[PDB]
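Asker: Given next are the chains, with one letter for each unit.
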Amino acid sequence: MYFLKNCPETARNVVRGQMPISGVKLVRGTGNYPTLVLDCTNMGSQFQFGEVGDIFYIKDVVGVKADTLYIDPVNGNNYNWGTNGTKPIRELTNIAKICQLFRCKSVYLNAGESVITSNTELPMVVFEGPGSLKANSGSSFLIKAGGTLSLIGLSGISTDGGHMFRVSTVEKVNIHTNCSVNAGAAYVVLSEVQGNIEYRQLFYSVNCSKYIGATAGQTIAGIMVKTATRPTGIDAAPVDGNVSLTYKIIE
Amino acid sequence: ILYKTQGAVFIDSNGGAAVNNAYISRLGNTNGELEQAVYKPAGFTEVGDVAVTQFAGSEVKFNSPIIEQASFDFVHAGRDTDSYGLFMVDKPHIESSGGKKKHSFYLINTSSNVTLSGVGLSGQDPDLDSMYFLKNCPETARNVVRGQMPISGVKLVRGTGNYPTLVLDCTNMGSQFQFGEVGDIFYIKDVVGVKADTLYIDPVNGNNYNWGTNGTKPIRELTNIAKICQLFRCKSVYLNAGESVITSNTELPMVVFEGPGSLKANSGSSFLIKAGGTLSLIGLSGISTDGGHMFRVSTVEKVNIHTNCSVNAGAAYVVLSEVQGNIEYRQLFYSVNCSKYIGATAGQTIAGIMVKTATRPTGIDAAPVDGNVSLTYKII
Ligand SMILES: OC[C@H]1O[C@H](O[C@H]2[C@H](O)[C@@H](O)[C@@H](O)O[C@@H]2CO)[C@H](O)[C@@H](O)[C@@H]1O
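Chains B and C, in that order, give the protein sequences.
Read in order, the letters of the first sequence are residues 519 to 769 in the deposited numbering.
Read in order, the letters of the second sequence are residues 389 to 768 in the deposited numbering.
Note that these hints are calculated values from the structure, not bench results.
Incorrect hints may have been included.
25 Å max Cα-Cα, derived PhoX-like pairs, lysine-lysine [as the list claims (entries may be wrong)]:
| no. | chain 1 | residue 1 | chain 2 | residue 2 |
| --- | --- | --- | --- | --- |
| 1 | C | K623 | B | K690 |
| 2 | C | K690 | B | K744 |
| 3 | B | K583 | C | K662 |
| 4 | C | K583 | B | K662 |
Let the hints inform the model, and build the full structure from the sequences given.
Answerer: Structure follows, in C-alpha cells:
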C-alpha cells in the first residue's frame, strides 16, 4: 500500500481510518528513517490475513494493541505482522520493537530454535511455547527496559559464548527463567550500568561461571536459584566482585 | 429532505458516493417514535423514524449533515458476510425539540469513524436512550469517536454482543464525567488522550450508568473497576461508605484505594491481581472474604500489596500466587487475620513480608508462608 522513499527523520506519514477488509501488505521503503504512524488505525483482520511488509518503516503506533507476538523459525514469514497465531514472523530481530509498538504481553515461540547472531533486545514480557532461544556468534540478548523478562517452559536458552543477558538500564530488572539455562563459561546476566537486578531460576537446569556480573563498580542484585542442577561450586560466590547481593536463596 | 418515516436510505454498492451538507428533518417529532422504517437491515427491528439508513455494504460519506427531529439519526449495518462498509459521519449537527430521541448512531455489525462537533443529545428515557447503540459489532471492528461531546450531559453508549468496539480517540469529553453517563462501559474497547485521576464508588447510591470519574456521579459495582482505571489511567479509587462486594473473581487495578468504604469477597470468590505495580488499601473500613483467598496473583511481574486497613482472610490466605510470583506484602497497623500471609499453587514464589501490627496471627510469625513461597525478607 505504502512505499516510503527517503523520507527524512522529521517527517511523519500518518495513517488513520479503517484498513481494507481484505489482507494487504502495508509498507515497504528505502532510507534510514521510520516515518509511518498508525493513529488509532482500525486494523480489522489485517493481523490474521494481511502483512506489515517491512516493520522497520513504522515509527509509532497509537491505540492499536495485540496480546501476543508469534515466532516460528521454521514456517514464519517476516512480512507478517506476527500478532496473529496463524501468521507468525520468523526472526527475533524486531521482537522488541513490535512488542513495544503493540503493547504485547507475551511472545510465543513455536517449535525450533530461534537464533540471533548479533546483540538483540528482548522485550520484558513472558515467553512461552516449545521453541528455544539461541545466541550465536558471541552475541548476547539485550535487556534495555525495566520490568520482568520471563522464560516459561521453553525448550531452553543458551549461548555459544557471549554473556546471556546484557542489562543497560538502571531501572529495576527482574529475570525469571523457568527453563533450561546454559551460558557456558559466561554469565547469565551482565550489567553494563550501575544496575538493580533480581534473577529467579526455577527448576530445569542452569549453567554459567557466575549468575550475575557487572562491567563496573557495584550493581545491586537479588538471586534465587531453585534447582539441584546448578554449578554448586559458586553457591558461596554466585556473582562477580562488581555485584552486591540484596538476598540469596539457594539450597 | 422533509420526511415522515425515513429521510434517506442507501443500500448495497455506493462506492465513493458522497452526501455533503445534507439537511434532513422529520417535520416535527410528534409521534416520531411510532414510525416504522420501511427499507432497513434485518438487524434493525426497533420502532421509530430514521433520518438516514444504510446497509448491505453501502459506505456513503456523510460530510457535515444536519439531522433534525429524528428518533434515530443514523441506522447503519455492515455487510452481513464480512462487516464491510464503514459508517462515516463527519461533524453531524444533530438536534431534536424537547430532547426527544432514541439513538444517534445505531450501528450493526460494523466499524465507523465519527467526528463530533460539540452538538447532540441522548433521549428522555434514563435507561434505553444513548448516543450510540452497538449491535453485534465483531471483534475486529472499531467504532471510533473524535471531536467534542455535546455540552449537555448525554448517555454515550449501549449495545448487544460479546465484543467492545468503541474507541475514544482524544475525544473532548467536556463536562460529561460530571453531568453525562457512559451507559454501558462494556462496549468501550479503548481510550486515547482522555484521563481522570479518581474512580468513585458507592455500592448503594451509585449508578452504573455513570462514568464514575467525577465525585458527584460515582458508579455502583466493582465489576469493571480494573477496566475503567486502565482506560482512564486513574491513580486512585474512592470507596464511599458501605460494603463494595463481589460474588465472582474480580480484578482490582493496582492503584490507591481510599475512603470509608470496605471491600468484601463473597460466594468464595477472590480479588484478582493481574498486573504488576502496587495495590494500596489506605484507611478503608476493611477488606475480607467469606472463605476464598483474598488476593489471587496471576502475574509474574513484581507485585506490591500495601494494606493500611483491617484485613481478614479467615482460614484462607491474604495472598495466593497462581504463577511463579514476585510479591512484597506490607500490613501497616490496624489488624490482619489469615492462616498464612502468602501461599502459591506450585513451583516457588519469592516474597518479602512486613507486618507491623500487634493484632496478627502471632502463631505464624515463625512460618508466615506456605511451602511454595521463599522469603526475601521478613519484618514482623
Ligand atoms: O443482504 C441484503 C439485505 O437483504 C435484506 O434486506 C431487505 C430489507 O430488510 C428490506 O427493508 C427491503 O429493503 O428489502 C431488502 C432486500 O431486498 C436483509 O434484511 C438485510 O439485512 C440485507 O442486508
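Asker: Between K583/C and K662/B, does the CA-CA distance stay at or below 25 Å?
Answerer: violated (28 Å)
Asker: With the threshold set at 25 Å, check whether the alpha-carbon distance from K690/C to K744/B stays at or below it.
Answerer: Given that 25 Å is the threshold and the Cα spacing comes to 18 Å, the pair holds.
Asker: Please verify whether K583/B and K662/C have alpha carbons no more than 25 Å apart.
Answerer: holds (18 Å)
Asker: Assess, step by step, whether the Cα of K623/C is no farther than 25 Å from the Cα of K690/B, and give holds or violated.
Answerer: Since the Cα atoms of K623/C and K690/B sit roughly 21 Å apart, the hinted pair holds (cutoff 25 Å).
The structure fails hint 4 only (numbered hints given earlier).
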